[PDB]
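Only one chain comes next, encoded as structure tokens, the form solved without this ligand.
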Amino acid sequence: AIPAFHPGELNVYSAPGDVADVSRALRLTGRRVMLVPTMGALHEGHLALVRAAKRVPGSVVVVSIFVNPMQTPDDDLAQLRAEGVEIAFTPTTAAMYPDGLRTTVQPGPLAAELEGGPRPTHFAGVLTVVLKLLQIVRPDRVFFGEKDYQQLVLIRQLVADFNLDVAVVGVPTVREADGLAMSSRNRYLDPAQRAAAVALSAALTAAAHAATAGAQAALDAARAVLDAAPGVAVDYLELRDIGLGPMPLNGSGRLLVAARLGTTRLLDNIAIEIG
């Protein structure tokens, strides 16, 4: 028997088999199943993922809330109900890992770069759980923010390399009024830190406009903006091609930055068109 599913309401499932059976039943009814993976503590950046999913005609939206051990609940659910989301998938760690940590996904060597410097197993955790959610839910499209750009690229590698049939959709970063990318970590910044933190996005938009004068100009403009900020310890500032290989001499790229303010690590990135 298919688990209970009430159309137009928020249906919450905590068992992977339940959400798997309801998703498969809905697919058979002529719905397109959209998956929005999250770790809860939802903010407007997560809601942009939800809204992008909802606009696909025929969509049913599944939002998973799972804190990976390997990479309020009531508040989150209320936010999803207010968005018209019909399915939330809220499994326990033991439901996700009933045999513990066993077969995992090994990322390619991109996972050791950039964010993988301080956290060399983070992406193996992310890709393992993303793979599992994709198999449980079997969505037609899966939605991820561009803010975690290296994650997004590695996800696309997973999908290509394991021949997954899902479409991966990147959704542009949602930003505070001064450009700071949204994050639950922003609230930990004191006022001097929060003022300094706008240097990340300001550096990146300066670089994207400087880029008519070429790659070096784009990088030097971003470095000058970051150098104008106090208490911003830059971990990296890298211009790469769109798939995070070496930047080509012109054309399309991506500029990524990460920095520590006090004990809080912030990331941002932007599209760059060289010349």
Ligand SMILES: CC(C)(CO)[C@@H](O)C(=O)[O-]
Second form
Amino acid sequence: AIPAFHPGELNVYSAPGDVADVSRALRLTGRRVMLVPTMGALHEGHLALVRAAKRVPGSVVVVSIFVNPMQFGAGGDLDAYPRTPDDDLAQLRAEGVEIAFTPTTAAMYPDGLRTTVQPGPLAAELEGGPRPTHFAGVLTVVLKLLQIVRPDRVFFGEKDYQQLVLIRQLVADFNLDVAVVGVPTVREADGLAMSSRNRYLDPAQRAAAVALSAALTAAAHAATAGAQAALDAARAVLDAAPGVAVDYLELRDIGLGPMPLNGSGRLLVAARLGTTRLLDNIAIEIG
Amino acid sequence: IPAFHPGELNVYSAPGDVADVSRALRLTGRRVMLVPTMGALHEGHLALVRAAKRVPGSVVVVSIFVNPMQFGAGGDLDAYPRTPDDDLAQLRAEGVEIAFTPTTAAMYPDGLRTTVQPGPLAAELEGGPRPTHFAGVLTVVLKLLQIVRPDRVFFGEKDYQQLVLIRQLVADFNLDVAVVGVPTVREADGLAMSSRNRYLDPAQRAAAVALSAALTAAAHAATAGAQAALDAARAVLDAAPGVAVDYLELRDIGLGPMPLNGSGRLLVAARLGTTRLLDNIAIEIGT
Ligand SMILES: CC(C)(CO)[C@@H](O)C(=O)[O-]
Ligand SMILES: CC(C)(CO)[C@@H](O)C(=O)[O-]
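And the form solved in complex with this ligand, for comparison with the form solved without this ligand?
Full complex below, order starting with the chain above.
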């Protein structure tokens, strides 16, 4: 028997088999299953992903909420991770989401860490520098979510651009039959990319943090003058802010390969403010 | 949908072609069965084909692809037997409707980028002296399953460790496919069929019967316990001329981090000249 599904309502399932069965049944009923993977602690950024999925005609939106231990560094703090289950589910009901998938670590990893996904070399770069096993954790859980839910489209934020690119590689490399949709970064009024981590910034840090987005947007417009102009402009803005330890500022092509001295690219930055690591990135057109 | 002629063997090289045909078949009610092979087909592969063909409403897809990723060096890859015309002739005689014969470029357009990292079992037995072998097997099988999307996939028990690892792949990545293991097909004297048996000269072919004789002797000696079973097998192998045993191990059936307890699998690998042969058999201890 297929588990119960109440249209127009938020149906919560914790068992992978249950959401797998409902997703299959729904796809056969004329719905297009959209998957929005999350680790909970939902904010406007996540809601933009939800809204992007909702607008596809015939959509039934599946939002997974799972704090994946495999992507937390040996030093990452799994237990400190924010958990607001009831509030999360309330936001999803408010958005008209019909399915929330909330598996336990045990249900997702019943045999512990055994077969896993090994990302390509891009996973050792940029964010992979301080966290070398992070993306293996991300790709492994995303592949599993894709196989459990079998969505027609899966939605990811461009905020975590390197993550997005690596998922696009996973999909191409493993011949996955799903469309990957990247959703533009949602930002606060002054440009700061929305993130659960922003609340950890004290006032001086929060004001200084505007430098990341300001540096990227200045770079985007300075780009008519060339790659070097764009980089120097972004660097000057970061240099005008106190307490912002830049870990990297790199211009690459859109797939994160070497950036041409002309054409489309992506400028990415990461910096530490006190004990908080912030990231941002932006599309760049050179020349 | 590319051309498809029912009751005839349709050969497709393009992944997109077989994927479209498979989906179209799945959509009309036919159940797609996949039999992955590296060609050089013999009666053991035909038993896999026959097992697939008897599933009601089945359409059988046999893939033939000598996967470069699972070979250590170009020498072994170049040495693998290739008998394309005989392979297709045998598939036609078996009533197979689809043969999937991809090129290396179509399967690895980006070289080795995202890949499958098998669990600890891949570093043992066959994997000991070939640490990347099973990562190559699991990566290609994962890709084949995503391309073809079969309801069931068939593997021979002859390469038992491979079969176990594929069951791990399916469980660990939540793949929606049933893995079917088919009993080893043997020559009249017990020799397990293998595309490598062609490299045994008359003397070696005669001596090679020791592997299956050792295993079956062990299976019957087992009523007296594990030591008796192992010693019976060792005695047979030791009496064989020109048989160099690589390993002879008795493990729990999952070959995992579990001690042997009642139901096991006895595995052997031995070299006859430059030809390495494998065989294995079910063992019940004290039964
Ligand atoms: C994609 C994801 C849900 C995987 O755990 C996580 O990395 C996230 O929220 O970006
Ligand atoms: C499973 C397989 C087809 C993957 O290339 C190959 O290892 C084989 O023939 O056993």
